[PDB]
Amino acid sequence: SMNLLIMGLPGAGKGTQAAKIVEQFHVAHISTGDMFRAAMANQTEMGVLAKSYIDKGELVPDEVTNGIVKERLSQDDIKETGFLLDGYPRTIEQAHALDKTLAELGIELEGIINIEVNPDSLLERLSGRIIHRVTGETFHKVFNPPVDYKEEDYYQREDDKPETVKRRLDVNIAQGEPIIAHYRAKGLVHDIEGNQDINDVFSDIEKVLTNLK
């Protein structure tokens, strides 16, 4: 059992590495989407409140979000298998709330996998998805270019356009950096070079996690 966070900007490979971490180390991967879904499925105190905001298209308040996390971390699997929290905390306020939650449950955080990738590089990756303008097909400027390729043959979904991606990276950099610093001051942050093949990133994670205890 290990008690862990994973962090990283959008596109950094967190989802893939999280799944590899579970397969090998058998901790419970818990994303913000997972915790919300479980709260609503279980009809918990906070889950029915979250549903009430989500049904109206409204962002959920931190008292509810932090309460969902406290519900999640109180489950039996947590002290049995440990966990890999992904997505939460979103902000330094949520990190301060998590730390109170953990202390009250008598759980110690043991490590943070921080996958780093240059955000200018991430902008190019995340803004690569293109759709052929004559009815058929998805490609990607970096990962899967179409035959020949000329830009006028494609369009993009709004969330894949460079300006939209830049906004998303800017918020995650602004919100994430104070959290990474907060935990780095306590030696909990292990920086992983996201600049590698899937198995090479995972190898570096395995050197971190198998050495922790």
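Positions refer to the first chain, counted from 1. Each form is matched to the other, and the largest set of C-alpha atoms that superpose within 1.5 Å is called the rigid core. First, how it differs from the form deposited in another entry.
When both forms sit on the same rigid core, the CA shifts between these two forms reach 2 angstroms or more only at 60 out of 27, 169, 35, 60. Once both forms are fitted on their rigid core, the CA atom of residue 184 lies less than 2 Å apart between these two forms. With the core superposed, residue 118 shows a C-alpha displacement below 2 Å between these two forms.
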Second form
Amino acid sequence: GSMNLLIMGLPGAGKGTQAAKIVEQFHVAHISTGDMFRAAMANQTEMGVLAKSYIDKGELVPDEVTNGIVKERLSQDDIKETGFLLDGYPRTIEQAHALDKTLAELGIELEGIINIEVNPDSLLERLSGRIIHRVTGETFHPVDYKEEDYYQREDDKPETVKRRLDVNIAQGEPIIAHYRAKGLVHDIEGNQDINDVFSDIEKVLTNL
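Next, give the form deposited in another entry, keeping in mind that what was shown is the form deposited in one PDB entry.
Only a single chain is listed, so you will not see partners or other molecules.
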């Protein structure tokens, strides 16, 4: 009955799939950054219509507005009833500090953090393998009988993925340390089958 959770993991770690499995078993509200903003705007909340005025103009959403969005979301009814699984926020240590303030104001306590760990070299190989034929557009990872008959999306080039992973690691490290120092972080080995990863998650959550 109700749990207040964060889920964390580097790109390619399968955070999305696990979140959906967590919802199915434990009924917490899965809340990604995208969901939160889409809700605020589509449901036309006070913060949402405010956020929309920046987004429509192609401008960045200020921290003050983002923090209001979050507080608004965690203020909803479903949060009291079912708890939550916050996904993608906080993204920086500053947002972690802002979140803690909001949770304290709301009288809410974080109960656990699911941290899916996968070796960044394994992630790199998994995210930067996709290769595409020039005229048939056939996708690979596997074949390649001709090195020059293929190309990669910019998003999928090893240097691009490597930078993405490095930035995500650097931004996430102080957040993980911040909450680990409070015993809230539970490391899950992510290099398993989907059902085995979730199996370890299930053990953690039922024993909270």
